[PDB]
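Here the structure of chain S is known, so what remains is to put chain X in place on it, guided by the hints.
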Amino acid sequence: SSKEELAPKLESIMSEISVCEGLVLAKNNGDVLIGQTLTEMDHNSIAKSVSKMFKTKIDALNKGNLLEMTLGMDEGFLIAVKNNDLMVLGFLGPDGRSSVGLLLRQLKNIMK
Amino acid sequence: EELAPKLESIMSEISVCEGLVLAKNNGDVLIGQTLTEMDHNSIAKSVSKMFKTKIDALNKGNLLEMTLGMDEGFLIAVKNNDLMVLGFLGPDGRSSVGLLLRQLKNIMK
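Residue numbers (UniProt numbering), protein chains in the order written: chain S, 2 to 113; chain X, 5 to 113.
No wet-lab data here; the hints were simulated from the structure. Hints are supplied without guarantee of correctness; some may be wrong.
Using 27 Å as the maximum straight-line C-alpha spacing, the simulated DSS-like pairs for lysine-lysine come out as follows [what the hints assert, rightly or not]:
id, chain 1, residue 1, chain 2, residue 2
1, X, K58, S, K49
2, S, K53, X, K10
3, X, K56, S, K28
Label-pair ranges, simulated between beta-carbon atoms [stated by the list, open to error]:
id, chain 1, residue 1, chain 2, residue 2, range
4, X, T57, S, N85, 18 to 24 Å
5, X, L39, S, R106, 41 to 47 Å
6, S, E5, X, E6, 34 to 40 Å
7, S, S13, X, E6, 44 to 50 Å
8, X, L87, S, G94, 22 to 28 Å
9, X, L87, S, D43, 27 to 33 Å
Yeah, the Cβ is synthetic: ideal placement off N, Cα and C, and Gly gets one too.
So here's chain S without its partners, still in its complex pose:
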């Protein structure tokens, strides 16, 4: 199963990137498969929101579908990478800008 294959990969990312606050795997429709977070978080609601952002049509841009998102927030970052079936979401704290590129690269690798 996807949960079984990706779970150790996500856990390895959490331990290598100690500043990562959580990694959540969901179907592209937002249904959460597995999650690990350093705080109590509503994974389901977050994944529903990110699912809807991935569906944004910016048709006048003619660049096709959205495949990855890096969101800079007041208190940190969300990185999201999707393939044709799943999407993975990662969270970084406010000082985490220096790990954004690393996290995005690791998630793209496992979702290729």
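Quick look at chain X alone, frame taken from chain S:
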């Protein structure tokens, strides 16, 4: 007035940048400069509505910047209280994503 020569400067410095759009946070376009004809207003409206996405469950406050990876390139957007700036890159421009974001953040104060 003070931002229009800055957009020109960014475009002259980053050749892979396909365009810049300065808009109000509601999506009304102030200035748009793209290498090809594009409906700047429709793009700004789409991005404006994206910036309004509610993600309070993230517990990270307001959404301030977006870097969007697309099939055919990238869209970078940065907002402040009043304005929003958009930049477009082709697939040949991932090496310039950080630079373009850094420049857009600089001019949005």
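These are the hints, each one checked on the structure:
1. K58/X / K49/S: Cα-Cα ~10 Å, so holds.
2. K53/S / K10/X: violated, 34 Å
3. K56/X / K28/S: Distance ~23 Å between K56/X and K28/S Cα, so the pair holds.
4. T57/X / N85/S: 18 to 24 Å: At 22 Å between Cβs, range holds.
5. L39/X / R106/S: 41 to 47 Å: About 28 Å separates the Cβ atoms of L39/X and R106/S, which means 41 to 47 Å is violated.
6. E5/S / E6/X: 34 to 40 Å: Between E5/S and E6/X, where Cβ atoms are some 56 Å apart, the hint is violated.
7. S13/S / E6/X: 44 to 50 Å: holds, 48 Å
8. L87/X / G94/S: 22 to 28 Å: Holds - the Cβ-Cβ distance for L87/X and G94/S, about 27 Å, lies within 22 to 28 Å.
9. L87/X / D43/S: 27 to 33 Å: For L87/X and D43/S the Cβ distance comes to about 32 Å; the hint holds.
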